[PDB]
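Engineer: Each chain, written out:
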Amino acid sequence: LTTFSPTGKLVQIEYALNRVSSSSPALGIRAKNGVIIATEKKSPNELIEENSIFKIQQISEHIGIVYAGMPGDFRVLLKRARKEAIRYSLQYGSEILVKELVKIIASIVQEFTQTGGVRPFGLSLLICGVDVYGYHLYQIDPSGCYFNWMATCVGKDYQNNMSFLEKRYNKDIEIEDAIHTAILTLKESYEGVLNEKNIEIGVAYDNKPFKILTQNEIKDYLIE
Amino acid sequence: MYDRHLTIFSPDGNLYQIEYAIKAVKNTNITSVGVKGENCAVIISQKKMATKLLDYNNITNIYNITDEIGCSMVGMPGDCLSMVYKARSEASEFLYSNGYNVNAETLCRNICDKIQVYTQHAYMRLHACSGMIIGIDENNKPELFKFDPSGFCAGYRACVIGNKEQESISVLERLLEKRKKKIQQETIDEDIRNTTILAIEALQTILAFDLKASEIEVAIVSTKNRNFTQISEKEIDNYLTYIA
Amino acid sequence: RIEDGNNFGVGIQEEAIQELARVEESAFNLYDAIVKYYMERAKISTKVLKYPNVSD
Amino acid sequence: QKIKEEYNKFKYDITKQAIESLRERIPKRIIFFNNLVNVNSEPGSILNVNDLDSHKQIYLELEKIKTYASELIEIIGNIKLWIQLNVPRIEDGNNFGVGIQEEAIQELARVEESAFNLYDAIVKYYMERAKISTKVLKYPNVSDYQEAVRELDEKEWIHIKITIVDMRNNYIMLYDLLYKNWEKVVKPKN
Amino acid sequence: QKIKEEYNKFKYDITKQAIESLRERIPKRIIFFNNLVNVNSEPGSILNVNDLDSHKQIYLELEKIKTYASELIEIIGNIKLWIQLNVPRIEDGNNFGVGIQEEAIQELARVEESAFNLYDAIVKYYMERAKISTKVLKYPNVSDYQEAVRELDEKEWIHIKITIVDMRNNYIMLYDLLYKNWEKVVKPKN
Amino acid sequence: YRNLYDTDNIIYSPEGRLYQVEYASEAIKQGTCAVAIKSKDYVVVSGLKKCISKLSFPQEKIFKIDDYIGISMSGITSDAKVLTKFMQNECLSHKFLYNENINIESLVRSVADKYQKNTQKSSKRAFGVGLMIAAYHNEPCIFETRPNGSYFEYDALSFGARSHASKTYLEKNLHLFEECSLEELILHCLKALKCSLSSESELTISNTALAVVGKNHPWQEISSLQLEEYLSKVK
Amino acid sequence: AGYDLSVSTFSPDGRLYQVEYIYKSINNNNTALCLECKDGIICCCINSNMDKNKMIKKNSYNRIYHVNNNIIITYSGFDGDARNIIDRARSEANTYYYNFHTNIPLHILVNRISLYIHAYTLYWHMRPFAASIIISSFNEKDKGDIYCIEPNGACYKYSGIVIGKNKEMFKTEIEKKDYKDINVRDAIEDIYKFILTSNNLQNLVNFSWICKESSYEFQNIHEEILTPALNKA
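Protein chains in written order, with the authors' numbering: chain B, 10 to 233; chain A, 8 to 58, 65 to 257; chain i, 169 to 224; chain h, 16 to 68, 134 to 270; chain g, 16 to 68, 134 to 270; chain F, 2 to 236; chain G, 6 to 203, 210 to 244.
It is worth saying that the hints were derived from the structure and are not from the lab.
Beta carbons: idealized from backbone N, C-alpha and C, even for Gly.
Please note: incorrect hints may appear among the correct ones.
Chain h is faced by these chain i residues, among others (derived, beta-carbon under 10 angstroms) [unchecked claim]:
hint, residue
1, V178
2, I180
3, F196
4, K215
5, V222
6, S223
7, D224
The calculated DSSO-like cross-link candidates involving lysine-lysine, where the alpha carbons are at most 27 angstroms apart (straight line), are [claimed, not checked]:
hint, chain 1, residue 1, chain 2, residue 2
8, g, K260, g, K43
9, B, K112, A, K127
10, g, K218, i, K215
The shape of chain B in the complex, shown without the other chains:
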């Protein structure tokens, strides 16, 4: 059970934030014709494959999501994210808006913080996608709050990677220009020079369904 601290904060929540600062780094950037989300698929060996370990997932036809924490907590918050994207699509006609999806998933993460006997969620999401009012790229902090970010990073070393974006991101940036600055911020902090088909990138691509870039497509951008 999480309890308050004498200095006026949550101790168990603060340890959850120390978990997202020690996992695979993610990166979300919002452009003027869609949004993009990146990650760092750290290959441990040549035994695992690429068709199963995913740091990019889908919720609906226009909703992207990445993680920054526990790998085992992938398939649990994603299961409830799809069900709330389906339950909203049953009681209402169209798809689920990103603001109506984040305000629902945040009510699930927050509920798993105040209720006794449970452990706070050890991950930081990045829900992105096309909305009827434009483009959004939210972030779900393990405490339960959220931010309407424009361009951010949540994994390991999110301090220097955040400064590498403030000096390399204007308000008007196209998707092809944002992809080049996405891989640039990853290599500026990722160890080694093995950045070769080890990044999974999703893209909204200006009012079109979510298309996860394949391995033969990411090499086209990495060479530039």
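Guided by the hints, dock chains A, i, h, g, F and G onto chain B, whose structure is given.
Structural biologist: The following block gives chains A, i, h, g, F and G in isolation, referenced to the frame of chain B:
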């Protein structure tokens, strides 16, 4: 401290009851390696007491969840049998609720999902087990999925679970290299003779054992068989002599 | 590296260092003890020279 | 490998010596010291001064004390070492038997320290007696210095006898302790 | 077999002595010391220096002290060992009675060690008084040295009597303690 | 000897014992003495009441379940009136759902689980009591329970403060089986209390409850005007 | 030191206490014995608790329970926590009889009883069981099979097994013969010789074999088959 319970994070942000549970699997000295080739995937057990007069034909480490999806749960001898029933009563619950037969990836992602709910709640303890769910799907493509006491639906082309996972990655890598770079296009579904030899050579390279005849029982889930057939003893002793 | 939890193995290491320092300190003290032997025997011997009939 | 044989022989030789000492060497000494200071004696008949005459009488008694002290430290030292070699690998939990072993080491080390401390204390007697005796030659009419010598001899004499009782009693507290907890001392984690 | 008989005989002879001490030796001395320092005495009639005229009178009082101190160590030493021989095999939990036994050993060892320290204290009296007496001989007109001698005897005279009170108070508190906790001292776990 | 394995019903000691249940088995020794003798066809029970104060009436020790089944608790009372009611309702329901008498061996198994199911949980504590079920169905049997689930079809029992002194009286008395002697059987059972009664004290002037059950005997409580004529005046 | 209080807490090496301490409990109570024979399966029980009571009946402390006609079950350890598994063992045979109208086979009863014993070693609120159960039977066309389900699951199929205060001494004596030789009748003499070696002349034991070609069902010894007991060899 911060290790007596399960639902509490450590000050450095790291769960320890999960970490101790993986050490329980790497303490029962049972190693089960499985490889997956082209439309043929096998799994090898070790047949040893998880720690005279015992019937050595009954002690095993291979259980079938359904008629076409087998696995090999290693770890504590009391938690492995329970995880088979939490899977046997799950895949059997899928066919009744969905008509078509369940897949190997849907079963592993459902087992890892049930394991994760015991992590957030401090009700029960973690099941100290680790199995390699094997089987083929409708698209005639074999799979493999290894899950530790945490949530992991990773999936491998060849994996080894047990107390040797700390350094048994290089041996399985060199053996897969000797088959990918030496691929034979004249494959007439004879992989049950080729992929099985690659697997027994893997376990014999990890553990330096001379005559592992009665203490090795494998299973093949290749196409044209599709039944998770446990290979008999005569075929095992025959396969053990092809290393010469 | 010092970490919180799962440091049962450092306890084995710490136990060895504690015992190793104990044995080392004991052996190190022999050098001081030998000086005490010569110092005490010399001090007593001076008194024997000054008072040669007190037999104790 | 040649050293390993001689070394294994040594570990074997210790194990033998420990049981033999517990089964023969220690009980024989129990009866020996008991025959010198019988428990059935009336109070004050032990701790008396009837046999009280350098003090040649105390000298002869001190030599025997050092013999008794030497044999105790040597006997206990091998028993203590034997228990140390029988301590299992340190583990978290299920170490109730290690506590029993540890309990044995604490009592064994306490008695060993007591016998070890007898040799320095005897030096203190002569050192204190020598300083006062010089004062008697220098100051022959202050009678308390002569009384101090007399009383000092009576003090060492009584302390020697309390030590002999302490020898006997340490052997008994030790024999009874290992005998009662013998199964957990040998196999502490079964 | 000879060692086995003498040892079992030893445990029996002690057990007798412990009961003998509690039924006779300790109560007889309780009334004895009480007859010397009666609890019903009016204040100041016990702890005084009124009957005080080397100090031959003090010498005679210390001789009586030495008798009382010697006999106590012998009785308490055997009673304490008897409780030690009655401690059951060490087990985890349900050893509150063993705690009582340890508590009993703690009180018995404290009183025995306290009385034991009188032997060192009497030597300190003669050594310190003789040293001061040398100073009186060297400087006979500084009156504070002579006053120190007078005061030294009065302090020791009081300490001797407080020791007798300490004897008296320890004997009754020890007997009453074992009496109240008798069921747990003999059968601490049943 | 860290004694950390002592305050819960779940923690096991390293020796293998369960100290929270072992404390309940020791709680039956702090009760009054009781003894039951099994003859060839009769069963008696000699319960000794606990007259606490001088003005207060003595407490009741011998109870009743049916016409042939009678118990006699020996331990705390708060866990005796609950086990009696959760025995009588398991007795009258057998005479209502069916019509024959309840099988005494099948009744105790339903009472042992009332101990067992009250031990495994942590929120619930063990029953600190010791029952002495004396009954006669086809053959006279004297059953007894414990805080731990355990059964022993005895032939002569004892529970109490001075239970060991009466245990020794029955250990050397095996001639109770052959000669029944109902008029003399109660003399043996009353002697079992007198041989272990408060360090040579009388306390038998209508202060020791008795009960007899046998062949054609229902749970007859021995009247206060019948046990003092000769049953209490033998020696 | 701190990691052995509850059952839902692991140890840093990987082991698990409070399911481990139970092994020191079942190895200190009254032992058991059950071994294969060429004619059937013969159990045993050595109630080594004479000295404390001596007032119980002759054959009143029986410990050979059975679920139905031909499956014998014994204990080791806590008599209370072992009877609770028998009720789950008997109710499992009845539920299988309702839903399937057949006798429950042993390779499915020992699995349904394993997920019951092991299931109590997970909840923090409940305590684990304290018993080692022996389960066996003897088919007509197949030989016997003894399953020694210990705590924490592990339903291992043995062929001769003892569990109690001398679980390591009889194993050095059971190996004196293969026992897939001489019948269940003469095997009693070989069993009774083992008890006296490792403790006097008392009738506290109570065994029960399953087959003497007596319809292959459970029965006790008899009062006439215990009498020819060789008290010397």
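Engineer: Take a quick look at whether g:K260 and g:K43 sit within 27 angstroms of each other, Cα to Cα.
Structural biologist: holds, 19 angstroms
Engineer: Taking the closest Cβ pair, is i:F196 under 10 angstroms from chain h?
Structural biologist: Cβ of i:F196 sits 19 angstroms from chain h, so the hint is violated.
Engineer: Sort out whether A:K127 lies within 27 angstroms of B:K112, counting only the CA atoms.
Structural biologist: At roughly 26 angstroms apart (the allowed maximum being 27 angstroms), A:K127 and B:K112 satisfy the hint.
Engineer: Can you verify the interface hint for i:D224: is its Cβ closer than 10 angstroms to any Cβ in chain h?
Structural biologist: It holds, given that the least Cβ distance between i:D224 and chain h is near 5 angstroms, below 10 angstroms.
Engineer: Hint check: is the beta carbon of i:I180 less than 10 angstroms from a beta carbon of chain h?
Structural biologist: holds, 6 angstroms
Engineer: Given i:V178 was flagged as interface, is its beta-carbon under 10 angstroms from a beta-carbon of chain h?
Structural biologist: violated, 12 angstroms
Engineer: Report holds or violated for the interface hint on i:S223, using the least CB-CB distance to chain h and a cut-off of 10 angstroms.
Structural biologist: Interface hint status for i:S223: holds (5 angstroms vs cutoff 10 angstroms).
Engineer: Does i:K215 pass the interface hint, meaning its C-beta sits closer than 10 angstroms to a C-beta of chain h?
Structural biologist: holds, 7 angstroms
Engineer: Using Cβ atoms only, decide whether i:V222 comes closer than 10 angstroms to chain h, and label the hint accordingly.
Structural biologist: The hint holds - i:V222 has a Cβ within 10 angstroms of chain h, the shortest such distance being about 6 angstroms.
Engineer: Below or equal to 27 angstroms on CA atoms is what counts here, so check g:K218 against i:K215.
Structural biologist: Distance ~24 angstroms between g:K218 and i:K215 Cα, so the pair holds.
Against the hints set out earlier in the document, violations occur for numbers 1 and 3.
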